[PDB]
Amino acid sequence: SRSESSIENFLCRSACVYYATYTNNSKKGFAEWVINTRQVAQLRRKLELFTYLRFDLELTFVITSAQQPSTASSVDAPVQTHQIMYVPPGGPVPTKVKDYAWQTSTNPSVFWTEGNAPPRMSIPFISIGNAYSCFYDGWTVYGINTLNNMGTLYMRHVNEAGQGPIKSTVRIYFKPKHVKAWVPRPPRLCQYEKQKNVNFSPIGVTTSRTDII
Amino acid sequence: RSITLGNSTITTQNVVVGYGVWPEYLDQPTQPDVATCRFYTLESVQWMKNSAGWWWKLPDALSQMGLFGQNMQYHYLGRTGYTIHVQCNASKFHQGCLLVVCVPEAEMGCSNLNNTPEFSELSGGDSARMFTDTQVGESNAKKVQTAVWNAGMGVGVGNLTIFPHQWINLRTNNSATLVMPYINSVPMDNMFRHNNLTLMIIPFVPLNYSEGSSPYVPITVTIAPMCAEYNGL
Amino acid sequence: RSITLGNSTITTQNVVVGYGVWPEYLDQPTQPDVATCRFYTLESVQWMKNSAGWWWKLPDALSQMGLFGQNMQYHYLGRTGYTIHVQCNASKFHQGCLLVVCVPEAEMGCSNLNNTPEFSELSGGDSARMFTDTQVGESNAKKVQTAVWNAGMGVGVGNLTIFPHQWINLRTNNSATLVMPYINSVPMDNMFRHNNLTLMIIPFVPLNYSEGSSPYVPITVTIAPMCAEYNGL
Amino acid sequence: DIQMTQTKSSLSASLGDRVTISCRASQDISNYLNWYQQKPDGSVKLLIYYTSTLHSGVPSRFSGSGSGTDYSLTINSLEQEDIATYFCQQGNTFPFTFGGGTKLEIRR
Amino acid sequence: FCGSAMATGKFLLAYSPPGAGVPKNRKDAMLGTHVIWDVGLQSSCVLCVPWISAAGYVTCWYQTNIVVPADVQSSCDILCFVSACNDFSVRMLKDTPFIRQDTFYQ
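Protein chains in written order, with PDB author numbering: chain A, 58 to 197, 204 to 276; chain B, 14 to 26, 30 to 42, 51 to 257; chain B', 14 to 26, 30 to 42, 51 to 257; chain L, 1 to 108; chain C, 120 to 172, 186 to 238. A prime marks a further copy of an entry chain.
No lab work stands behind these hints: they were computed from the structure.
The C-beta atom is built at its ideal place from N, Cα and C for all residues, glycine as well.
Incorrect hints may appear among the rest.
[Said to hold, decoys possible] Each pair of labels, with its calculated beta carbon distance range: (1) B':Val-179 x C:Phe-236: 51 to 61 angstroms; (2) A:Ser-166 x L:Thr-53: 19 to 29 angstroms; (3) L:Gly-57 x A:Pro-247: 34 to 44 angstroms; (4) L:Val-58 x A:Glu-223: 25 to 35 angstroms; (5) A:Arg-272 x L:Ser-26: 47 to 57 angstroms; (6) C:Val-141 x B:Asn-198: 26 to 36 angstroms; (7) L:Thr-69 x A:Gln-96: 20 to 30 angstroms; (8) L:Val-58 x B:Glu-40: 54 to 64 angstroms; (9) A:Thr-232 x B:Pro-230: 53 to 63 angstroms; (10) C:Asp-219 x B:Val-31: 32 to 42 angstroms.
[Said to hold, decoys possible] Rough simulated footprint, nothing fancy, chain C against chain B, three-plus residues with beta-carbon under 8 angstroms: (11) 15-24; (12) 55-69; (13) 236-245.
With these hints in hand, go ahead and build the complete structure from the sequences.
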């Protein structure tokens, strides 16, 4: 009951941070997500108690599928294989599904077929500085700080499909590891409005009552 | 009492220091020592009854402050520590209470939900930008939302005591002192695109007096850089 | 070879020193050392066939020479020593002979017998005022009499070798070096109303060449202050 | 202000085909667009809260696209319940401006 | 400071060395040699200065206002004493111009 309130027992929890779908034959279906913790409100409030963080990263992908309605005549398909490409900060980025930026040798990718354990991969502390800065009072556009940029993830099918359209949905789970935290900070009171900045609309201090006595 | 530093001399008579650490030193960078360390005194602000607060962004106030401020344009990098002396001089007939906080990396919040505030609203050179007791409406394009109970950061203003602070109570206390180290994620930063400290003064209990006394109380801020060093040739 | 001083570096390969003494140090005055000692290089003059001479008044040339020259207005007193490097670069097909003297307290003589020469004729900032092979007539009001065989002092120009000097003979020699102490009657002087040194260059045997060579030879003067110290706060 | 122009204001198609409603702005609004759907009995609800991401609980027959000034909606398999009125609204500047309506109807 | 015991204020005491002009503002008078004189803490502030035969200025500036309680007057005064800190160095005695005479006193 003494160690439940430590830092590693507070932040090393898994959390779903992104959810997207993609079809194979559409020439518009392939996923994309920049790695940041500023999308979901329950993970963002825990990381914003501290100014400087430094943690390893660990991701897990739960990919399913569906059989979208085809025309006719005996749909039978083999197992599907997916590619999950990680783009380090300062790398090439795809614009279509069929592109030369998938095949580059410095963007590490994982391949995985349906029916196995989900594809974990782990990313160390990748930054030029010494800590990720959750709050940055300055310019690079105000309060951006491109020095804590963790990379981008792209997903696509590798199987060419002929008889049936198949859409697939991927959920990404997010887990800090070996967390260090510096310079504590008060917890947020107003609601979050945008992702990039810290803008708000003013709110009362607390819930009110009728009398002081 | 009567300490001196270069060609500047102030006089004092308890000191709260940083996070328990003292400012210490770190291509090959060299240090300026004789040309810099002196008490740069900003001009005084008047604490009236209808006041709300003030704030100074800290490596912006000393941008035009002479032989330290002329070093800003010749140097691209650097790291600095500070020592702040704040004193308000009232009588034993006035009453009030201040909070003197020093916030590392205090991002401010705009009044429009889509933009970000312009540079002339974040900080003036040796002028105190002042809080407000109302909301700034959303028709304003690039202005800082200066609701004082949120301290411009979207937070509870009572919980600002987690930073290093000092309560100036006019019944018992007269001044404040704060020794702040160099707190940043990189050892040397850009000094024109970063304000890594913010000193706020918020009157929690407002000023009050009887008729006949002076209708104001002046607050004097004195900043002294320590451990000033730069990367250069 | 390749000596350096601050952020300036020249290269050389015999040195005549003052009157046998070396420049040494002396309210309470303190010294500048890092901001000052560097080789201030004046621009080059062209030694043609119809040349007569040049002269530089020495604490006037470094009046607008940067971080030494900015110290001139902040300081009322001071004493300085100098080190001069003069080099002309011709071929083994040219011929000539220079005399490089350094005259302490060289009062110049006016062209009118009743007046005294104006300040703009005594010395220009980092520009060589040049002698003449004629008389300046007495109808000129305030001009320096620049008869080169009298050296502007009313004396014999051959007897200028009693001062510290060095003969630059193009047949055998290439450069000159002079180390001059601080020579004055008071230990600290007014530095705006006194030029306590004067460097002259007089071609005794004129330049000559055959057709095809370059019609000029450039002479480069480099001054380095030593023992620079000032009275101040 | 920004005047959003939905130029058609009346679409007509059958069931099962691909329909596109377009919203054209007055300047660059930088991917801050929302697509609403007003049923004829009055109930209004939000469909798409960016250029291209859906609200939770809205089926996957809707999709959006666009960049800069020109934007678009897409319903790939038109159903009976999708006969309603549609609006676009930017969220960039002040005040919030809504587009004109667009009523659908069965063709024959 | 020969004022009331209930009053509080601050002053600057700047000394411009010979060569620098008289400061035309409080801000550039701050960047020179100066002493911030808090009245409520001590009632005497010493500023040592060389004197020899521009030549200097000993200007003094309002830093803050004078804060006073009720039923206390706000118009105060300031006196100024002068002395020689170290030993001087005097040479070539002569006569003073301050005293003269036409006829014998009888």
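Against the structure, the hints:
At roughly 59 angstroms, the beta-carbon separation of B':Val-179 and C:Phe-236 lies within the given 51 to 61 angstroms, and the hint holds. Between A:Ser-166 and L:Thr-53 the C-beta distance comes to about 25 angstroms, which sits within the given range of 19 to 29 angstroms. The hinted window of 34 to 44 angstroms between L:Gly-57 and A:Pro-247 holds, with their beta carbons roughly 38 angstroms apart. The hinted window of 25 to 35 angstroms between L:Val-58 and A:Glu-223 holds, with their beta carbons roughly 31 angstroms apart.
Take A:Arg-272 and L:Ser-26: their Cβ atoms lie about 48 angstroms apart, and the range 47 to 57 angstroms holds. The hint said 26 to 36 angstroms for the Cβ distance between C:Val-141 and B:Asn-198, and at roughly 34 angstroms that hint holds. At roughly 27 angstroms, the beta carbons of L:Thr-69 and A:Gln-96 sit within the given window of 20 to 30 angstroms. For the hinted restraint 54 to 64 angstroms between L:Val-58 and B:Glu-40, the CB-CB distance of approximately 58 angstroms keeps it satisfied.
At roughly 57 angstroms, the beta-carbon separation of A:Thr-232 and B:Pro-230 lies within the given 53 to 63 angstroms, and the hint holds. Distance hint for C:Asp-219 and B:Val-31: a CB-CB separation of about 41 angstroms, consistent with the stated range 32 to 42 angstroms. Counting residues of the region 15-24 of chain B whose CB lies closer than 8 angstroms to any CB of chain C gives 5, so the stated coverage by that chain holds, three being the minimum. Coverage of the region 55-69 of chain B by chain C holds [criterion: at least 3 residues with CB-CB distance below 8 angstroms; count 5].
With 7 residues having a beta carbon nearer than 8 angstroms to a beta carbon of chain C, the region 236-245 of chain B meets the requirement of three or more and the stated coverage holds.
Every hint from the earlier list agrees with this structure, and none is contradicted.
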